[PDB]
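**Q** So you can see what is in the structure, the chains are spelled out below.
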Amino acid sequence: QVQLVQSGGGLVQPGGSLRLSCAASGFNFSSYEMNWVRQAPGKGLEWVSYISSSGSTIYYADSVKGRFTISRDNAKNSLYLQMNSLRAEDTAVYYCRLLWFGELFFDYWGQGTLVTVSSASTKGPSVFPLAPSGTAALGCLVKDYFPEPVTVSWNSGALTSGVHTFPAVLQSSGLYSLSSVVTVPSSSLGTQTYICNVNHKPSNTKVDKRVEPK
Amino acid sequence: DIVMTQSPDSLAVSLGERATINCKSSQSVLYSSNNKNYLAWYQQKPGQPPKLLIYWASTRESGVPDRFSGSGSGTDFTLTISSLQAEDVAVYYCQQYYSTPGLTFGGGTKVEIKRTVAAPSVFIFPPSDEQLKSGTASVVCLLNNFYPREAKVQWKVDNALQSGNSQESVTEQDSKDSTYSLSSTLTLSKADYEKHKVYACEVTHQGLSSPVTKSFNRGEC
Amino acid sequence: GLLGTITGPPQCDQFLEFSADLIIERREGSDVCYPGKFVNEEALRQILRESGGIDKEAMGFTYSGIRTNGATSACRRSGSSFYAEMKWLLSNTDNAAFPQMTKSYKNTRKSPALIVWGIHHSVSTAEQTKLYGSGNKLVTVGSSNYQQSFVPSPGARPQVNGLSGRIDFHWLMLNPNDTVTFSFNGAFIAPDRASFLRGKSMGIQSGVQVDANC
Amino acid sequence: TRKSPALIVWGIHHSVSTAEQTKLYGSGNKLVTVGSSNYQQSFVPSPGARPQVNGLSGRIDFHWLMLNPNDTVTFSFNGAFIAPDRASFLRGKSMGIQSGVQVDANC
Ligand SMILES: *[C@@H]1O[C@H](CO)[C@@H](O[C@@H]2O[C@H](CO)[C@@H](O[C@@H]3O[C@H](CO)[C@@H](O)[C@H](O)[C@@H]3O)[C@H](O)[C@H]2NC(C)=O)[C@H](O)[C@H]1NC(C)=O
Ligand SMILES: *[C@@H]1O[C@H](CO)[C@@H](O)[C@H](O)[C@H]1NC(C)=O
Ligand SMILES: *[C@@H]1O[C@H](CO)[C@@H](O)[C@H](O)[C@H]1NC(C)=O
Numbered sequence: 001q002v003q004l005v006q007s008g009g010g011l012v013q014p015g016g017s018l019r020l021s022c023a024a025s026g027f028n029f030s031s032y033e034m035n036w037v038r039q040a041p042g043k044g045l046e047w048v049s050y051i052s053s054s055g056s057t058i059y060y061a062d063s064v065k066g067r068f069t070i071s072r073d074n075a076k077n078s079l080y081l082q083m084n085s086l087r088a089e090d091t092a093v094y095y096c097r098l099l100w101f102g103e104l105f106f107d108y109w110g111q112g113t114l115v116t117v118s119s120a121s122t123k124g125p126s127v128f129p130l131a132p133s134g135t136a137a138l139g140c141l142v143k144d145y146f147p148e149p150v151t152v153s154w155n156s157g158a159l160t161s162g163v164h165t166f167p168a169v170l171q172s173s174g175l176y177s178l179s180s181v182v183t184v185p186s187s188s189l190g191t192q193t194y195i196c197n198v199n200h201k202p203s204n205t206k207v208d209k210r211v212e213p214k
Numbered sequence: 001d002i003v004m005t006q007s008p009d010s011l012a013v014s015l016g017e018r019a020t021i022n023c024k025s026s027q028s029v030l031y032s033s034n035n036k037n038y039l040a041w042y043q044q045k046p047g048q049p050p051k052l053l054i055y056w057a058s059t060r061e062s063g064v065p066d067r068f069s070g071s072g073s074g075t076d077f078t079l080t081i082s083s084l085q086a087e088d089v090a091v092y093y094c095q096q097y098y099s100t101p102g103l104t105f106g107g108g109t110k111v112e113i114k115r116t117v118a119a120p121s122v123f124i125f126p127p128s129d130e131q132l133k134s135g136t137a138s139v140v141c142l143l144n145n146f147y148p149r150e151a152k153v154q155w156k157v158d159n160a161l162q163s164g165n166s167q168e169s170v171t172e173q174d175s176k177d178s179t180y181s182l183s184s185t186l187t188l189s190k191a192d193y194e195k196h197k198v199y200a201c202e203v204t205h206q207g208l209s210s211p212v213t214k215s216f217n218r219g220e221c
Numbered sequence: 001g002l003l004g005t006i007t008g009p010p011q012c013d014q015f016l017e018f019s020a021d022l023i024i025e026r027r028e029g030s031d032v033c034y035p036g037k038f039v040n041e042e043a044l045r046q047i048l049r050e051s052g053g054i055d056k057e058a059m060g061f062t063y064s065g066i067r068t069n070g071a072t073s074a075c076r077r078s079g080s081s082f083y084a085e086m087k088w089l090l091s092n093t094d095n096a097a098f099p100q101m102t103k104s105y106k107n108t109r110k111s112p113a114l115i116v117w118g119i120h121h122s123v124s125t126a127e128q129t130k131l132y133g134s135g136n137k138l139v140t141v142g143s144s145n146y147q148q149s150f151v152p153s154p155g156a157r158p159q160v161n162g163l164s165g166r167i168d169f170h171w172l173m174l175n176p177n178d179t180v181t182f183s184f185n186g187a188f189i190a191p192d193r194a195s196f197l198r199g200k201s202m203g204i205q206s207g208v209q210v211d212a213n214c
Numbered sequence: 001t002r003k004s005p006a007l008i009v010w011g012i013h014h015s016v017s018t019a020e021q022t023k024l025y026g027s028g029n030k031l032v033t034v035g036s037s038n039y040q041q042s043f044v045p046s047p048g049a050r051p052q053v054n055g056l057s058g059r060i061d062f063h064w065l066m067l068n069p070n071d072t073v074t075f076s077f078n079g080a081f082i083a084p085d086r087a088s089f090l091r092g093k094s095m096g097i098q099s100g101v102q103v104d105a106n107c
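Chains as they are written, first to last, in my numbering: chain X, 1 to 214; chain D, 1 to 221; chain W, 1 to 214; chain F, 1 to 107.
By construction, these hints were calculated from the structure, which means they are not laboratory data.
Just so you know, even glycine gets a beta-carbon here, dropped at the ideal spot from N, CA and C.
You may find that some hints are simply not true.
As the list claims (entries may be wrong) - Computed cross-link-like contacts, DSSO-like style, restricted to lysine-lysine with a CA-CA straight-line distance of at most 30 Å:
no. : chain 1 : residue 1 : chain 2 : residue 2
1   : D       : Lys24     : D       : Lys114
2   : X       : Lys201    : D       : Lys45
3   : X       : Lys206    : D       : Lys133
4   : D       : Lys176    : X       : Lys209
5   : X       : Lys206    : D       : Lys45
6   : D       : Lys24     : X       : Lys65
7   : X       : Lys201    : D       : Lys176
8   : D       : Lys133    : D       : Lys156
9   : D       : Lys45     : D       : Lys152
10  : X       : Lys43     : D       : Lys51
11  : X       : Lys76     : W       : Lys130
12  : W       : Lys37     : W       : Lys87
13  : D       : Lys45     : X       : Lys123
14  : W       : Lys87     : D       : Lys36
15  : D       : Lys114    : D       : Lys51
16  : D       : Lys24     : D       : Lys110
17  : D       : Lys197    : X       : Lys214
18  : W       : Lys37     : W       : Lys130
19  : D       : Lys36     : W       : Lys103
20  : X       : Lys209    : D       : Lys190
21  : X       : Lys206    : X       : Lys123
22  : D       : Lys156    : X       : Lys214
Said to hold, decoys possible - Pair by pair, the computed Cβ-Cβ distance ranges are:
no. : chain 1 : residue 1 : chain 2 : residue 2 : range
23  : D       : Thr75     : W       : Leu138    : 24 to 30 Å
24  : W       : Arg109    : X       : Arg19     : 53 to 59 Å
25  : X       : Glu89     : D       : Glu172    : 21 to 27 Å
26  : D       : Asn34     : W       : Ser143    : 26 to 32 Å
Make the full structure from the sequences, and use the hints.
**A** Given below as structure tokens:
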């Protein structure tokens, strides 16, 4: 079965460079046209470059005119994308490929990669309680971390019902901030402990902060 | 290059509603001597890659159930989910593959199912002392489980309207109940927070016959 | 071959503009590298046998939404190229829409001009899609006393030079102070430069050596 | 497989109508294109009304080419084809004439 996988994503700083890479499985590689498509954070899709069957032709876009370099390998099964002079509009997640051809069918995209041209340094969150004062609301505030993304749970995943976790916002500081909540019976506050569990993999930080009424 | 558009940007049409998505093009995409339209439909969910839906404009891709159908020709089309389902909450794009080394997609569209109008539940939270010790004060207002998505929040500090020092975000419609929830933050320095007493959030929404305000007096409970 | 100076395979690159009062033809003369055959080929020799040389004057066709760089493995110059004075007009990529184009040329000289094009009868109906759009193609030419219509002939063939598809090269003669017109959307081997007969000479055949002091 | 060249004859069946083109072959247009290293052609059957010759109005136009020793021929088609079973091989030297009279052998 045909399948794809991208790699080479992370945090880079603009005016810098990265070299992306694709890998394949389940078809005669050397015989097709290969595309490249990126999608800015919550934006529309964009075509980057392609290579013909023999690699004898390549065509790019104007945002990367002279900044990016697509490249192939047919013995090895690899398609590359070197990046240079990165800018901040180049912040995106990357995919691609089709079936060319006339006739019949196809499809087919990869699973993706987080690539952000944010020079800024990596940073973990502080965790503060949102204290409750038949149904009560409580929560945790996750403020001042960078970059995306983060994960939040309640009671080691034991509390799911009534939970809402919001999208991050970017503050004027350039850091993201988001909140997470759960609704529970007012009568449960006193017998039942509620703990939010936070994971921010970019900084390898792990905080449990218990949220109590005041 | 061939520039593309769709309407509506977002439609919230209910369950079982024949959802109609209209989509346009600047340049034509119907080749002459074979008489075929270069148009595809895809389905992405946030984090997922696109899934193939309709090709050749009017040819369904296998694995797609019968409610899906592509129509139209030339410059304008339309996807008609004959029976809109809950599996169909996704972002749909149009795409041209006419010219070649520039495949222009679209602006998209999300299809969130309605439901009955529901007034928000509103909660307010003071900054924690740990936070105050760090020198800033964030105040939070919660609107839980409401419909429709359209809702308005205003912040007042001692009855004076705030501008420029707050930010907000909205959940995707909740699967369990097709509702939305909304979080807003007013950010002040520690110094500004300890200067005022009465803190209030005012909420306007179609489900409320009147705007509702919740408040506390700082240092009171 | 005598007709090789008009298309100019990777062997007649010095006789593109050869100035001469005499012509010799050999048992290994080949007008073709990508397999094919002219239509009314011998007629062109006898005229060319007495042409005194050809003055290549550039025709000037600008290709827009396609490629010109068309190349294959038989007509190799350095790696894989095509005939010198012929742009192999592939589609835009390797299957894409070959839109409907039309070009014309005019004679500004008191002498008549030599116009050569060709149809690409592709080896299959897919390899007709591999280089051009899908659907039927008609390359019809026009003149005040020449009006023709060709249809590319997709069909299996013998492999000549590893290739099974063919290229049948045609020609007409444009009188001074007139024009030529091509309407097409496929299987077209374009002309870059048109010959201009220089004067009087003679072509013969022999399979022996030459002498200059007699 | 012989040091001599071979005689290859086929034919197109231009059917009398567009239905009698369906009566014997599938519906839709037909193209019988041949191939050789120096022969590349394409025929389209010509469905059209005609005079009745031998009670038949449809026609059969028979073509031919010449296959050199140590080479091949190729037919791609889907209709209106009158196939060849056997190909001639020229035996040597003789002469054909015309006359409308009788023969004599002792002179
Ligand atoms: C599909 O996968 C197959 C694996 O069997 C690949 O097959 C081989 O491809 C190479 C490159 O074209 C061939 O090498 C050359 O063959 C040509 C004749 O077409 C000859 O002129 C060259 O000197 C060279 O020897 C090789 O023959 C071929 N294998 C076989 C058994 O024919 C193939 O590349 C992949 N792609 C496609 C589009 O098939
Ligand atoms: C060519 O045509 C132009 C206009 O059609 C005319 O003026 C001219 O006399 C003709 N002859 C030459 C030799 O230019
Ligand atoms: C015919 O062709 C084969 C291979 O193409 C070659 O070995 C042979 O010498 C040729 N001539 C004859 C008379 O078989």
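**Q** Are the hints correct? Go through all of them and say.
**A** Here is what the structure says about each hint:
Taking the CA atoms of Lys24 (chain D) and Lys114 (chain D), the gap is near 25 Å; set against the 30 Å cutoff, the hint holds. Between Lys201 (chain X) and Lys45 (chain D) the alpha-carbon distance is near 23 Å, which keeps this suggested pair within the 30 Å criterion. As the CA atoms of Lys206 (chain X) and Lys133 (chain D) are separated by approximately 21 Å, the hinted pair is consistent with the 30 Å bound. Only pairs whose Cα atoms come within 30 Å are accepted, and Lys176 (chain D) paired with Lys209 (chain X) is accepted, the gap being roughly 27 Å.
Distance check on the hinted pair: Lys206 (chain X) and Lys45 (chain D) sit about 29 Å apart at the alpha-carbon level, within 30 Å; holds. The straight-line distance between the Cα atoms of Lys24 (chain D) and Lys65 (chain X) is roughly 28 Å, inside the 30 Å bound, and the hint therefore holds. The hinted pair formed by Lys201 (chain X) and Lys176 (chain D) meets the criterion: a straight-line CA distance of about 29 Å does not exceed 30 Å. Taken as a hint, the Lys133 (chain D) and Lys156 (chain D) pair is honoured in the structure, with Cα atoms around 24 Å apart against an allowance of 30 Å.
Taking the CA atoms of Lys45 (chain D) and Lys152 (chain D), the gap is about 27 Å. The hint holds against a cut of 30 Å. Straight-line distance between C-alpha atoms of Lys43 (chain X) and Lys51 (chain D) comes to about 17 Å, which keeps the hinted pair within the 30 Å bound. The hinted pair formed by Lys76 (chain X) and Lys130 (chain W) meets the criterion: a straight-line CA distance of about 24 Å does not exceed 30 Å. Under the criterion of a C-alpha separation no larger than 30 Å, the hint pairing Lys37 (chain W) with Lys87 (chain W) is consistent with the structure, at around 18 Å.
Simply put, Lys45 (chain D) and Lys123 (chain X) have alpha-carbon atoms about 28 Å apart, close enough for the 30 Å limit, and the pair holds. Annotation: proposed proximity of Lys87 (chain W) to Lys36 (chain D) holds, straight-line Cα distance about 28 Å (limit 30 Å). Only pairs whose Cα atoms come within 30 Å are accepted, and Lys114 (chain D) paired with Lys51 (chain D) is accepted, the gap being roughly 24 Å. At most 30 Å may separate the alpha-carbon atoms for a hinted pair to count; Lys24 (chain D) and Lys110 (chain D) meet this at roughly 17 Å.
For the given pair, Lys197 (chain D) sits about 18 Å from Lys214 (chain X) by alpha-carbon distance, which is consistent with the 30 Å threshold. Taking the CA atoms of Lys37 (chain W) and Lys130 (chain W), the gap is near 22 Å; set against the 30 Å cutoff, the hint holds. Simply put, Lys36 (chain D) and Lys103 (chain W) have alpha-carbon atoms about 25 Å apart, close enough for the 30 Å limit, and the pair holds. At roughly 22 Å between alpha-carbon atoms, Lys209 (chain X) and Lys190 (chain D) fall within 30 Å of each other, so this suggested pair holds.
For the hint pairing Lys206 (chain X) with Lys123 (chain X), the CA-to-CA distance comes to about 13 Å; that is within 30 Å, so the pair holds. Simply put, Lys156 (chain D) and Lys214 (chain X) have alpha-carbon atoms about 23 Å apart, close enough for the 30 Å limit, and the pair holds. Hint check: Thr75 (chain D) to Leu138 (chain W), Cβ distance near 26 Å, so the stated range 24 to 30 Å holds. About 55 Å separates the C-beta atoms of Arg109 (chain W) and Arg19 (chain X), a value consistent with the hinted range of 53 to 59 Å.
In this structure the hint that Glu89 (chain X) and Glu172 (chain D) lie 21 to 27 Å apart at CB holds, the actual value being about 26 Å. In this structure, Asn34 (chain D) and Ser143 (chain W) meet the distance hint of 26 to 32 Å, their C-beta atoms being roughly 29 Å apart.
In summary, the structure agrees with every hint in the numbered list given earlier.
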